[PDB]
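Shown here is one chain on its own, the form solved without the partner chain, set out as structure tokens.
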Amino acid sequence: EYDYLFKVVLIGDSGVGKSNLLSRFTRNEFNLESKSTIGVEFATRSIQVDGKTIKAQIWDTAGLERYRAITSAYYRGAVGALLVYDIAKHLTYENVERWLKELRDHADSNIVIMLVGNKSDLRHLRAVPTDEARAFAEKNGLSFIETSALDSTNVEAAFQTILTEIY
């Protein structure tokens, strides 16, 4: 069935599109009126990397900088993190530095991290330069991509790249 199980966590400010990324990748589904995530959940998908089949086990929770009982179990055994922002709200980009710190504080030291600018379909309303975002990602030892959970733009490739970076 599958050769490797990779646990990957989704992180970033509330509203940035984390849950729709998860539903786009795992179910090819999108919800425009999706509410803030109560609790913790995950969904899975198998991909090919090398000869090998890899089950991606993707975790999702609300984006909150506050401490929670669930934090340590959320990062526990996580081998990659998608750190996401909404390209049409600079604030969500501003808060990236803090989520990095959260990973420093909580995730494993060798966690593969990918910065993800989501909602790239919102191009009239761009608040975050791609070039700048990418310089920031390069500088901080991060993988980088822009996506639209709504379009499907780069959603598969986002997940493909972190999992290949993990394998």
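Only residues modelled in both forms are compared. Positions refer to the first chain, counted from 1. Rigid core here is just the name for the largest C-alpha set that superposes within 1.5 Å across the two forms. What changes on going to the form solved in complex with the partner chain:
- Residues present in both forms were considered; between these two forms, the rigid-core fit shows Cα displacements of 2 Å or more across three or more consecutive positions only at 68-70.
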Second form
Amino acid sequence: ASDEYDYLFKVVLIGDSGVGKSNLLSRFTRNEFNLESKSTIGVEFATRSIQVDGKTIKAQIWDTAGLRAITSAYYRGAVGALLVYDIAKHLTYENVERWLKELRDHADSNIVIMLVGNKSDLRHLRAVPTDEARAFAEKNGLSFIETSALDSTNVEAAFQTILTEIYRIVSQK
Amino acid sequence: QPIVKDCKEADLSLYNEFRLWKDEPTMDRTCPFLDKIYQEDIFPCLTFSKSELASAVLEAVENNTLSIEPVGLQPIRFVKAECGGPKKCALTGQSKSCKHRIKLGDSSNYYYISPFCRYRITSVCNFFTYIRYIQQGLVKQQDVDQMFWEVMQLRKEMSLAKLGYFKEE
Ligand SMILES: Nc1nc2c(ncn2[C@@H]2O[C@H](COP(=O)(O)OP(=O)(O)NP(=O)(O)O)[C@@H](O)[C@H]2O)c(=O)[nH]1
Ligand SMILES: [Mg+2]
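Mind pulling up the form solved in complex with the partner chain next to the form solved without the partner chain we just looked at?
Now the full complex is given, and it begins with the chain already shown.
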């Protein structure tokens, strides 16, 4: 009689194509990684229940392709957002500001947003030094973390941070 | 001028070697497949004039603890600096624009390096990361000859890097 919960949060994945959104998703939900995964067709979502400061939080995580699309069904009802860029490709990070723009035009304006932060496993190819993305995120009010969906680093931590924060600001109101 | 056509043909020794490494993957340094590449590619490619730093770098590369970060312009910098600078390569010891910095442990200080050193080191590192993908079950959609030719490609990049043929962006 599980899959029984208290609160339900919908988090969406956004960022350029090829940054690792779908593998972040599969790593969190199914603990699977796909080295050869292709670009996502349509939109998809998966669910995982975790526990947060004693109150049951079940996360319904949304994912879609990075690159006109019917953009407002995906954002509609999103209480959280993961803005994802590739640490090894600076251009993916440069489009973060624009992913942010499209994040609050066609979606909620007190949506919880975390900057990611992916493919941290590629250390010799690092394009974005942590200080610059952390500067940008801190200055834009966004929380920030660096993940590797490949070696699982900070995936759980990231999702649990955005979840704890959404929980906390659904505890206030 | 006459026409030369670029061709590609698998050396059967290297190919059987690789197929028999593919059949039972290991990162063990003494396996023939890796041993050869160590002797012909890796060791000469990470050979630099300051060589305790160079060997530290090699160990960092096979331990996957090495990190390469781009360093941008900055008029001011806290200094505990041997570690080189924007002026000079910490590895080869000469005066060149260093657009990259290197860290061994993370858990370590930074060392500035020429784009050339960056190219060699990243060549080796790319080889190691691909071979590690293979050793684990991460590569499932690539045919055996594809895998082989990717290994050949990486060894190409390392071979060119050896002789001073490198790319800079
Ligand atoms: N080294 C490394 N590669 C990763 C990591 N995460 C994903 N990748 C790789 O990067 C590529 C793109 O991954 P994918 O998850 O499909 O990205 P995406 O954001 O879903 N793309 P799309 O927006 O088109 O659906 C794949 O080759 C995948 O294996 C990571 O943490 N490290
Ligand atoms: Mg995808």
